[PDB]
Amino acid sequence: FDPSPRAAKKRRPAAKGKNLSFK
Amino acid sequence: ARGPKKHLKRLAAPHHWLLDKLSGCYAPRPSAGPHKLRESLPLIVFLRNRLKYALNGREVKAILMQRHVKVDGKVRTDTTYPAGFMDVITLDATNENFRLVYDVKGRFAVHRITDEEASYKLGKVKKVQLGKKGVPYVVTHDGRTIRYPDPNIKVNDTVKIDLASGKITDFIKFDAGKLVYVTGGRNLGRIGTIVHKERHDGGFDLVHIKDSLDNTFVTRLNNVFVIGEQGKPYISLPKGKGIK
Amino acid sequence: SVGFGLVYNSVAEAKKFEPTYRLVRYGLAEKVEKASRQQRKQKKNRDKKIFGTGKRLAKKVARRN
Amino acid sequence: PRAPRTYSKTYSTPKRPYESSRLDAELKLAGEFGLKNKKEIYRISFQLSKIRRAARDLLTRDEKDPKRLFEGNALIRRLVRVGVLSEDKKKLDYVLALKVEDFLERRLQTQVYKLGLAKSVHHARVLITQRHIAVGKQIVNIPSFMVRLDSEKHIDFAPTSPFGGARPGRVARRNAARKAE
Amino acid sequence: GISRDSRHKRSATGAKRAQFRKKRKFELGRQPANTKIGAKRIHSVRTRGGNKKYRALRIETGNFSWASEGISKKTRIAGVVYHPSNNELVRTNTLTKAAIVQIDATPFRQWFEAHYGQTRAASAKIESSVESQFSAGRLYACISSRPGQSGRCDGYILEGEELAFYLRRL
RNA sequence: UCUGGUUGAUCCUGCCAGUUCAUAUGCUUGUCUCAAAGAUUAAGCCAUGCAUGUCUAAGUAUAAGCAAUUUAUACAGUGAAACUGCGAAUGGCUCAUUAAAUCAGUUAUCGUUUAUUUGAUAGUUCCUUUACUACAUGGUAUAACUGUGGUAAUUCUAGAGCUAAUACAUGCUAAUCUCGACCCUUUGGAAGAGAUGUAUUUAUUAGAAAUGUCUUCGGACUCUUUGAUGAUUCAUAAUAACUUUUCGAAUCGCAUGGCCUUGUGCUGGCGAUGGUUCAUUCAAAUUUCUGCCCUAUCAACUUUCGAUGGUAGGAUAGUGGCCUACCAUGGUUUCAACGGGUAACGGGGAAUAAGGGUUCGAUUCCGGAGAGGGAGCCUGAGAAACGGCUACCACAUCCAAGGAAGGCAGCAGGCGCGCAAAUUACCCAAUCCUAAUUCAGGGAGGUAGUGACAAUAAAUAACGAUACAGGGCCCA
Ligand SMILES: [Mg+2]
Ligand SMILES: [Mg+2]
Ligand SMILES: [Mg+2]
Ligand SMILES: [Mg+2]
Ligand SMILES: [Mg+2]
Ligand SMILES: [Mg+2]
Ligand SMILES: [Mg+2]
Ligand SMILES: [Mg+2]
Ligand SMILES: [Mg+2]
Ligand SMILES: [Mg+2]
Ligand SMILES: [Mg+2]
Ligand SMILES: [Mg+2]
Ligand SMILES: [Mg+2]
Ligand SMILES: [Mg+2]
Ligand SMILES: [Mg+2]
Ligand SMILES: [Mg+2]
Ligand SMILES: [Mg+2]
Ligand SMILES: [Mg+2]
Ligand SMILES: [Mg+2]
Ligand SMILES: [Mg+2]
Ligand SMILES: [Mg+2]
Ligand SMILES: [Mg+2]
Ligand SMILES: [Mg+2]
Ligand SMILES: [Mg+2]
Ligand SMILES: [Mg+2]
Ligand SMILES: [Mg+2]
Ligand SMILES: [Mg+2]
Ligand SMILES: [Mg+2]
Ligand SMILES: [Mg+2]
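Residue numbers (the deposited numbering), protein chains in the order written: chain NV, 704 to 707, 714 to 732; chain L4, 2 to 245; chain LF, 69 to 133; chain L9, 2 to 182; chain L8, 2 to 120, 146 to 196.
None of these hints come from the bench; they were simulated from the model.
Careful: at least some of the hints might be erroneous.
[What the hints assert, rightly or not] Derived Cβ-Cβ restraints for the label pairs, each shown as a range:
#1 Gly-135 (chain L4) x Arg-49 (chain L8): 53 to 59 Å
#2 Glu-60 (chain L4) x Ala-19 (chain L8): 50 to 56 Å
#3 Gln-107 (chain LF) x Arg-49 (chain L8): 32 to 38 Å
#4 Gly-166 (chain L9) x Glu-60 (chain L4): 32 to 38 Å
#5 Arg-108 (chain LF) x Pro-5 (chain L9): 50 to 56 Å
[Claimed, not checked] Beyond 12 Å from chain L4 on every Cβ pair, some chain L9 residues (computed):
#6 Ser-46
#7 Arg-132
#8 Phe-158
Even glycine gets a Cβ: it sits at the ideal position worked out from N, Cα and C.
Build out the structure end to end from the sequences listed, making use of the hints.
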């Protein structure tokens, strides 16, 4: 016999990078 | 000086804030409040240097004047308000609840908690005394006065405070085998179990703490904060579980 | 090249939260015309030497001369 | 006021600068590696002296000593990464055997000469300072730039250089315009 | 002008110390209040913090306690009869703490007559000396308050060994 | 520290010759990054400019202000001035004084004050003139403003007339809780016996064999009744009075919900500012132990006029010879007292060194002290303040000679010589601080300029072809 609350679950970031090209 | 000081040089600021030495000449001097100057994190540092939501002091003031930040359930609008250990910071717009707990490095960690865990906090009993009209009260480490405590509550015990009502829900006695968190000294941030409390009358008491890895260390009683029974903390712990 | 960028959820919010100088760069606000710091401070001191509206002082000097 | 910003000297004058052997050694080093002055040799000597003093101090300590293991392993890793120390000589004893030629060997000027991009060390210096050499995607205009093992295979002519595929320099197009006229 | 700083004094060895700094407001003193018997004259003093002290410049009444009987009555002060610190205060009739004064016996006598119905018998018995004083018309009392600090000239009636000691000293 | 001589050739002892830092200065000075700016022991003297002010919906606008409007009926948008509140006790600069002093580490307040922040905290029903304001009291009152004026002169102000408050000064409005007979046996009703804030001062007081019976098997029957500290006359409570005696909301914004017996009835939301005490925080004041350079050709010092201690008082925020009165004769000292010198602010630190040591530390952080030199004060939570006041000394400006006004060891910039050295620049955008306050202010701070302070990197060229000639270099 050995004598021995959960943290909030991490979230994937809402936003991501966006790429554009021109000219 | 002829009166209280109002400025704080960056080199004289607490090291655990991690302030750039060349960013400016001054640091946010914490205002008077629940926590001591050297043991507090002003809201500007938390919002700008840690969370990075604000890019400078003006944006922090803009955020605060919108009443977006709550500290232990009450809206705070002061940039240098001294948030400290075991304080719950709520940002409803971003759906964030944070508890201020040091990591093994000894610095306040960005620790996200659930709403249910954000509904309460822990307070180390700093004093127990009868007030006027013979009404007992307890003074905690955050300066809260709570009247009509349980008669079993004594100094160095930990009371679980419901933030909505500011009343004691449960408490933990200071005894051997209890889980403790180190809130000062070079062992700041470590977690362990009490093995023995060495008593020196007229001097400083010493407590021996054993971590899960069986490493033992000695600390002054002032720096020890009971957080639960072994294997059953009453709060969620940061990554590392106070090891090393 | 590398820089920083902000995209506000509305033009009104941008006007509300952006610094004045950046709005002036973008034309969303007009540059306020003011005197130099030295002129403003000297005017402040000269006003500080006067108590009240000062019109009674003007009429008194007019009568005296 | 604002906090101080730290600084240090990167070289030290030798004990007796006028030894004839020392002057001849400096002549040979500067000629072989195309160095501008004696200050560069003094800088490399200062760095190597610090390294070898640290290695000697660590060797003084007992084997399996935590300080010895940690700091010696870090030093060996750094020396191997920069290419001065070989992979098969990963011991402090070989750190004590290092020489200034080993550090001069890794300079971007020497590498540019040896890879064949330049016909001489001085031609390599002129190419580097004139913005014709790129280590990877970055234009490097510092001859003393110390090349790592991984970077060694990525030295080439810059995309913007006339020798790297851009348009001819001003002299070439000027002469072409005069000839066409 | 008055200061309480200990720097102006000689060291324990006897050395003469040099002036470390100029006098500070937080180590000041003020003029003494030589309270004297007469119509009540009291003036307030603004002290450190917002706190206030009351200076009794003159006072002729005070609240004196009969401790054996456990009562207190407001009584006129006749005069100062003995002071242990300085006899000049007795000569000038200056009221301070520990000054032995003579007070009117009337309220205490009236209370005693009302309470005990005598001018039960066992409880009504008191010390011979105090009864002799009552016959005289004046009671010896010791001032227990500090008139220059609180503005009050309260005290208690001497009894027992203290009364005998002060009767000997008188 | 080494090198070469002094012999026919060596050893030893001597002689000869050569072998970073600081100050002052000379010449040169293209590019990138970065960074500093003392010095006559003169803490000597300063022209001029600036460096501390501050307003939210929420203390006070009939500005004879502006602008509005469904063109206004107490006001209402915005708002100079002025009152009120807060700040100006922070910051910046300098190192004169200071040798158990400051300072460093380490202690105590059971020895005290503490604006502000944060958390708690205050129904006292009644008590004769009820002859009664609480659907709300006064000028016991003024500024700004109007108007009449004095002076050469200043952030000088007089006499008269007005008018507000979160200024000043007064003052009120059928409760709750213990038991509970009797009914009734619970969600009980209550005839009746009783009790009733704080603050100040003093005295007194408290604070330390039921192992049974029955029962429904549950439970009931009698009893308990402060806490903390190593430690207290502690916290706290009680009694009797006492007080030029306090406090216990006569304040403000936004909004117009709910009950009805339909009354401009009763009730009611979210905030601001206050207010008594306690705790907390930012602080302050004292305080325990150990540690300072040279001097003994300074050996005795302190004590008459407090030196060491005792009793009492005064004063203080409070301990205490801090001061007073009366008492004793003590206290320090060759383990260096006392006196003297210091080109003595102390420390973190810097340089050198193989180690022991030696020197420097005005100078980016902490603490102390000062604002030309002594002395004393007002206000305030906090100052013995100096970009506050008053006197004296030394300097020194204006003057109509009667007076009036001074403090750059703050930022720029001058004198101190006749010989010399950064800009009398821009800005609050960053850092943070102040205010009533997101917004205003900040020579604090930042930006740039300016003698190569101390440091980093690094150009002033690279690659070829042709022609001619026979010598070029090294040792000795
Ligand atoms: Mg200061
Ligand atoms: Mg420790
Ligand atoms: Mg203790
Ligand atoms: Mg004004
Ligand atoms: Mg190019
Ligand atoms: Mg260029
Ligand atoms: Mg109006
Ligand atoms: Mg308005
Ligand atoms: Mg001396
Ligand atoms: Mg000492
Ligand atoms: Mg304030
Ligand atoms: Mg409060
Ligand atoms: Mg008038
Ligand atoms: Mg005494
Ligand atoms: Mg005396
Ligand atoms: Mg010195
Ligand atoms: Mg000096
Ligand atoms: Mg210093
Ligand atoms: Mg001062
Ligand atoms: Mg001067
Ligand atoms: Mg004030
Ligand atoms: Mg002064
Ligand atoms: Mg000045
Ligand atoms: Mg000042
Ligand atoms: Mg200057
Ligand atoms: Mg000059
Ligand atoms: Mg307000
Ligand atoms: Mg400056
Ligand atoms: Mg050139």
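Honestly, do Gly-166 (chain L9) and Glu-60 (chain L4) meet the 32 to 38 Å range at C-beta?
-> Once the Cβ atoms are compared, 46 Å apart, the range 32 to 38 Å for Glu-60 (chain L4) and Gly-166 (chain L9) is violated.
Do the Cβ positions of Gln-107 (chain LF) and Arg-49 (chain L8) conform to the proposed distance bound of 32 to 38 Å?
-> violated, 46 Å
Non-interface label on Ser-46 (chain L9), tested against every C-beta of chain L4 at 12 Å | holds, 32 Å
Minimum Cβ-Cβ distance from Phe-158 (chain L9) to chain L4 exceeds 12 Å = holds, 38 Å
Verdict on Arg-132 (chain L9) as a residue remote from chain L4, using beta-carbon distances over 12 Å = holds, 31 Å
Is it true that the C-beta distance of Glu-60 (chain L4) to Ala-19 (chain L8) lies inside 50 to 56 Å, as the hint says?
-> At 55 Å between Cβs, range holds.
Outcome for the supplied range 53 to 59 Å, where the beta carbon pair is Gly-135 (chain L4) and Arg-49 (chain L8) | Since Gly-135 (chain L4) and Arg-49 (chain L8) have Cβ atoms about 32 Å apart, the given range 53 to 59 Å is violated.
Between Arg-108 (chain LF) and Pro-5 (chain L9), does the C-beta distance stay in 50 to 56 Å?
-> violated, 35 Å
Checked against the numbered hints given earlier, the structure breaks hints 1, 3, 4 and 5 and satisfies all the rest.
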